[PDB]
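We show some of the complex, not the whole, and keep each chain where it was.
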Amino acid sequence: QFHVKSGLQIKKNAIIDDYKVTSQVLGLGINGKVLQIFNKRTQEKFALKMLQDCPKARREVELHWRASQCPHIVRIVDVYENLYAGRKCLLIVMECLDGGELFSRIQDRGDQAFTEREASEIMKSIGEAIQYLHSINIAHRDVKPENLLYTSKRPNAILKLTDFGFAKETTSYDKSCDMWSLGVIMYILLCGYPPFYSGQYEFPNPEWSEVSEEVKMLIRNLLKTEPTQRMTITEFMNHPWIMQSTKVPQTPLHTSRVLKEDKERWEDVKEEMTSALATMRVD
Amino acid sequence: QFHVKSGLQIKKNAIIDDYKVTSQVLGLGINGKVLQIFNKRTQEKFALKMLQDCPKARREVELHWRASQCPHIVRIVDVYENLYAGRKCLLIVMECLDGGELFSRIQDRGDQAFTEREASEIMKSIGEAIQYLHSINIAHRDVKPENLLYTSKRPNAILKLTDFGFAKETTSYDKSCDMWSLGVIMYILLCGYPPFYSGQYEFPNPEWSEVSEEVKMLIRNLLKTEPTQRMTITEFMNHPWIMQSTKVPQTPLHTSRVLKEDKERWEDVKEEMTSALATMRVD
């Protein structure tokens, strides 16, 4: 045996042949709304994304399918070509992410401590997800707090990356947008506020007072303004703080407290990161 | 439930797996010949159009499929990708239109009266067909006497529009060609001769002697030389003569008599309308 996995089985049937669709809205991505649906055999809950059919959508779906095999990428189970209001659309059925957002979960931790080791485990997971994409020459280009979601409500749920609506084949810089995004997420993970305000990005006391240079040097190599200066995903995953995530110190962070204190500005933080990512895309 | 309808199930099998094909010719459209065939389960008679496979054909078929749902558009039941003389072709199976042409049927009415109310019912049907196409941003661009056919030999048969071989997506004027065509059909419906000879388009006595300004104003807004002046299909369907077609006066027309008198020139009338439409397309 040699370990081929199935190609894109894009289906022509009406989805209602195979899935019961609902009007429960689960989310909105940058291309459109995400709806709940139920598999007509199993009753298992799934999520449906409606994309109006187009060459851009046909490429993006194919990239998400190629991404699907990675344990930290949201899996596609089915894709349909259907007619809706007489205009042709694509319906992507994905696995149900009832676990919510990465940082919203941390902000909802309350009592218990959020450690540098847990930040290392999360950042290893995110980096491991990007590593698969870059190794097959796919760049995500919209890695951000809205797009990192958990599979279940338990503490040991597994984090998966979402919304390939900006993804791009690097075949002949686009890959550097993911590495910048990883540095921003890692910064927010370690103190609860972002490295931007609209005169440097600071490392303010007290939150950073005991934080190592080892992480801060790792941050400095990710947040370079020039894309050519940023470390690659390969170099990131080989850093000891990432590679040896079990051995990382259990250092308590301020992150949860600060995210609660700044909760009224958190929507703005996510919006200006989206604006920064859009600026790096219209490049 | 939400009312999705099935996407283009283009089939790879040999059509003879599914349909018995015959050598009975039913017609010729602008792209090619139309043949009789029989569904191998049901024995129901259908019509087969052979299009040599091409990107232009692949788009046009998709537009005809999107059009198919409208009650006044000829339905596609199946589409096949086959090999013929070693060169790849597309076979479109459509519903059987044994009812013949719109004006040929009127010309064959003989005895009984053809009324302005019946012209309003026909023009409502044609306008209702175009309205669906324009509302999904499809323009037909070849609406003409050859392309409006009836489902059955009875008087109350339903009229359907045919031959998407010039149709075009208006997505970024093409839509105005259908509105010009509707005005020409409406003119011929009301007197039996066209508004062209090769010094105005007339409204000659006696045939127009009792014909209202309400229709003639409606005609004047459709036959404008500049496309930007023509009424839209929306404005046409809202005209009282169209909207209130049951209330339209039962005025007897000269149409059938004139079509019989001018039958020797009717082929030329259809040919010069095709030439006028081709001129408006090479635009």
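We just call them A and B in the order they show up, numbering each chain from 1.
Here is the rule we go by: a residue touches a chain if its C-beta (ideal position, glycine included) is under 8 Å from a C-beta of that chain, and two chains touch if they have at least 3 such contacts.
*Asks:* Tell me how many copies the full complex contains, given that 2 of them appear here.
*Replies:* 3
Just so we're on the same page, only the chains that are shown with their structure count from here on.
*Asks:* In whole angstrom, how far does the Cα centroid of chain A sit from the Cα centroid of chain B?
*Replies:* 51
*Asks:* In their complex, what parts of chain B are in touch with chain A?
*Replies:* So the residues of chain B touching chain A come out as 1-2, 4-9, 62, 66, 69, 132, 135-136.
*Asks:* Okay, in this complex, where on chain A does chain B touch?
*Replies:* Counting only chain A, the residues touching chain B are 12-16, 21, 23, 80-84, 86-88.
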